[PDB]
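There is one chain below, alone, in structure tokens, taken in the form deposited in one PDB entry.
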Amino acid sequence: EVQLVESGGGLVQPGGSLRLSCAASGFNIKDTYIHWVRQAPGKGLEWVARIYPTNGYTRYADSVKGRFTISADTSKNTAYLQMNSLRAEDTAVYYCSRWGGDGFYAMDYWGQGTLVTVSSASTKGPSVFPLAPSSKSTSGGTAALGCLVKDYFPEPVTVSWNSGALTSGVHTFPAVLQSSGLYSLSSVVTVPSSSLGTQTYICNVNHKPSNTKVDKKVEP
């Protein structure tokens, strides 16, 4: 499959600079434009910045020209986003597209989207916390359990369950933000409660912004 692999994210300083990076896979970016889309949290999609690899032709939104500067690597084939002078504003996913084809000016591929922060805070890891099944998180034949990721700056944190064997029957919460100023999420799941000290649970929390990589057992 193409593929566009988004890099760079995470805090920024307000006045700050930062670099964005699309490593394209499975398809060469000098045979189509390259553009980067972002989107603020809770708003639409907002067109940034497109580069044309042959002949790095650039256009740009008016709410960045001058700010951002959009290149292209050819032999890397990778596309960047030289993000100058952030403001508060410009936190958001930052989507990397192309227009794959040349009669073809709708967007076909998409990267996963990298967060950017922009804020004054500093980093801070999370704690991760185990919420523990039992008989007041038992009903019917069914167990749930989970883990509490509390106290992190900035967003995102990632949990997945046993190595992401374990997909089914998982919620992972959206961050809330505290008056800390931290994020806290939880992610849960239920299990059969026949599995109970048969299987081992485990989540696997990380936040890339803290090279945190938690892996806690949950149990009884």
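Residue numbers count along the first chain shown, from 1. What changes on going to the form deposited in another entry:
Hinge assignment between the two forms, with options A23, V37, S120, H171: the rigid parts meet at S120.
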Contents of the next structure:
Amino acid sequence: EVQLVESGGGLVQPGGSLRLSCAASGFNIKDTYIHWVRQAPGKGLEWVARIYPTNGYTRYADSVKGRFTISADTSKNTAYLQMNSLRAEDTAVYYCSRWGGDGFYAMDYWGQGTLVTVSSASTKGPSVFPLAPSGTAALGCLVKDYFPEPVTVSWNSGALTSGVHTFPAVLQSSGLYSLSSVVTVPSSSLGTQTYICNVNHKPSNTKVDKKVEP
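Condition change, the form deposited in one PDB entry to the form deposited in another entry:
Just the single chain follows, nothing else.
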């Protein structure tokens, strides 16, 4: 029943502040060390800070000393990361983890992570364009010009999953993301069977259903 759940992440301006939370269930954080570990886009794992909730003793990575403060409230079984003077370098998925067996079991439980994006760019919802067909046919949707990550794409509201390829987003020279989602289907169904890509960009509260026709 052991789990860790991070929250508090999102898009924030450089120079700004943000507080993350880590709620523990299935064990008492008074019993263990709690860590924050982060991972920048396309990079490896970097330890950020540690706390022993019982006495509040802390340790920090050099890269965040002074700017970040880790803390914990045992009565809420929850730990926090106060981030200040945020830099683009701080952009990352932030994970909460614990030391099992006073360190013997290493970091045995991790949360799902919360994405922190540090940028001065404004939120923008995507435009969704059809990739019209012309497993013998291919079709898709171009999900263009949005910020920040992430977006989700499904086909026919989840009814179509086989042969779907939703590509990783790439940052354009404009500083906006763009990606395509494609699927290969029988040519036989091109003139009748309806294909709709469902695009959700929660950061901009944008929801788009686009029908792709031949």
